[PDB]
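The chain below stands alone and is given as structure tokens, in the form deposited in one PDB entry.
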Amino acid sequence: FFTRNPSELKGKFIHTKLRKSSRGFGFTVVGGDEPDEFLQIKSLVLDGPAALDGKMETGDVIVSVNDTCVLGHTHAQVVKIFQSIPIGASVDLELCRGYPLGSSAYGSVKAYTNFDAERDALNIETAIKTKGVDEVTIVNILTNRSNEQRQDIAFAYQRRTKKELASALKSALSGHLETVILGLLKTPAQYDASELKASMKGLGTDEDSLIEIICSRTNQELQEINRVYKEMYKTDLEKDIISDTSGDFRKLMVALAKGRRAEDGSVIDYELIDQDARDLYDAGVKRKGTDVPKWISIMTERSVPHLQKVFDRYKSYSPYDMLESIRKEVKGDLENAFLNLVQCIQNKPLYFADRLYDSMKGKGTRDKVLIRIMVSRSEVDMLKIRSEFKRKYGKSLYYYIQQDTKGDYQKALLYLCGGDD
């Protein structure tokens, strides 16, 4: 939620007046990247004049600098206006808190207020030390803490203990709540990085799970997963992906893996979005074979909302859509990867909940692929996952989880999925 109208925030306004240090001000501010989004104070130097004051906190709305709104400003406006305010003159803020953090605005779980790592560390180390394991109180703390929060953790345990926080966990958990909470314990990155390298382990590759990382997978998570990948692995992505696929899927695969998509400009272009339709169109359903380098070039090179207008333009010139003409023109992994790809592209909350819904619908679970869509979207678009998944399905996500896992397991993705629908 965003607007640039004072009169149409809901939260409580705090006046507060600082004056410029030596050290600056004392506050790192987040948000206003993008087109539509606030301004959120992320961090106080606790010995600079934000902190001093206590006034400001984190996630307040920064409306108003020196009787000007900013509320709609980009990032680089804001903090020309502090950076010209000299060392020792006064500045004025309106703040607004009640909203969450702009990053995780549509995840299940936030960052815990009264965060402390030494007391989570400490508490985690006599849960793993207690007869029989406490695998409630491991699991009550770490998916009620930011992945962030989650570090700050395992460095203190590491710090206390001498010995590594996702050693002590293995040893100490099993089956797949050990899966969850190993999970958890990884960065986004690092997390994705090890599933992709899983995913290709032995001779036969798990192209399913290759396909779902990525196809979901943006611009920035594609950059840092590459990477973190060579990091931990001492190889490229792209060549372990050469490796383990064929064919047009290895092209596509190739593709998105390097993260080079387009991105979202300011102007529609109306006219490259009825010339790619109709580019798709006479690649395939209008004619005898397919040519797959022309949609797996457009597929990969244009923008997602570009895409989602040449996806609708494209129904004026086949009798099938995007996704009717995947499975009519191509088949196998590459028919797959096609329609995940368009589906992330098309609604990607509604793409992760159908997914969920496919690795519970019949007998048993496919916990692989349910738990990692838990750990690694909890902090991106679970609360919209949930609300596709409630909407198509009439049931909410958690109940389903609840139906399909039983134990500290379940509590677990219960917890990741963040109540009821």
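Positions refer to the first chain, counted from 1. What changes on going to the form deposited in another entry:
Considering the motion between the two forms, the entry in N140, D333, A283, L101 that lies on the hinge linking the two rigid parts is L101.
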Contents of the next structure:
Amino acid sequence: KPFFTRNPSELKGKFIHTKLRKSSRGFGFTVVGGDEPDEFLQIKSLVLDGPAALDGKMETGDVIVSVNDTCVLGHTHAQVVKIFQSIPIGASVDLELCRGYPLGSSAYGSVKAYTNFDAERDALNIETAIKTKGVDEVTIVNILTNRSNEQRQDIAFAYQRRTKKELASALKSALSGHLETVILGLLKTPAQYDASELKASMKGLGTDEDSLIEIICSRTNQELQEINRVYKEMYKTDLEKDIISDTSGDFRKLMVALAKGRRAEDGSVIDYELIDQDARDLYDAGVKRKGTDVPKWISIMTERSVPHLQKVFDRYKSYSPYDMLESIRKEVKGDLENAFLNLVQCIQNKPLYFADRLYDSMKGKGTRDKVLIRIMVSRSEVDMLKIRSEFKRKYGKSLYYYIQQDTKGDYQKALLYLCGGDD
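Taking the form deposited in one PDB entry as the starting point, write out the structure of the form deposited in another entry.
What follows is just the one chain, with no partners and no other molecules.
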């Protein structure tokens, strides 16, 4: 349960006092929370060109402590909104805000927002570590792996503002090897990281299909819209065109369909009749007949919602002697088969999917560092705790333990911080 108190003397972070004059379009910010009897009200967003943003003190996630010297900790959403609306135009409001409590963080991520966050202090310390004779990598790793992705963007902004140099460029020149790969990956936003991992996977027609498949099969609609937008910004070409240029056959049709990020959203009602019909269609399209009707498989597995397809795959076992994964291995081959196997795993149990990919990257000789690094970077704020839970349950030892055996040095220490702990 999120922390809550009605006493200001028990709040965690730092306090900001603001004075805003009401404009024609209000004070220019939105708030969330205050429905549960014990829930903070926090700043959801700030209207640009509005009083709150132009003042410069208010920030997203801040807890509203008091309004016009009345403490509003514990007050309902409706009571506080009424206070702001009753203020006439030109009158002012006095706000005390508390900065340190986060908003909208995943419950299953391993990397949490640092509470006493000071972007300027972090940039200063990173610069000192970069300029140290024989780079101080420990400080660089200790900081960046203990900050959320959003905070790393603030660190990079404060670093560029002080030194007039990009933080990623300075770290690229100071770090090397697998440690450099991890740190530079942490510095990108989730969409920037996936977009550049996708571009790298399509270096030629001899494509690292594993990486393309892994990203496109495991990303959600929301994540794929931002990837498609950011990919075109960074590389001035649509992601779909590069997939079309880099794939062929039914494998191409499947990757293009998934990358659109237009999967049907999770419905409120379970459609039991469509569940049975989809299961029969998957059976009729494959195991039941000679050959395979691949477009029917692509259509059902790319367009239906994930909760729907989980029940479809269970109902499919009623008609077919083999489950969906085994049916795929019997019906198709090559990149098409690998893509269907990854997609079905992502639908059925995405944390287990990443746990198996982590095991494969380390089990044998050496390491598939590219796979291991990308997963530890991209899932550390999504579902890393479920990935660790599935890993320890299946393999007996923790993901932490396997990372220790396969990697060494500051590289290992960074991966262990992204892991989050032993199991």
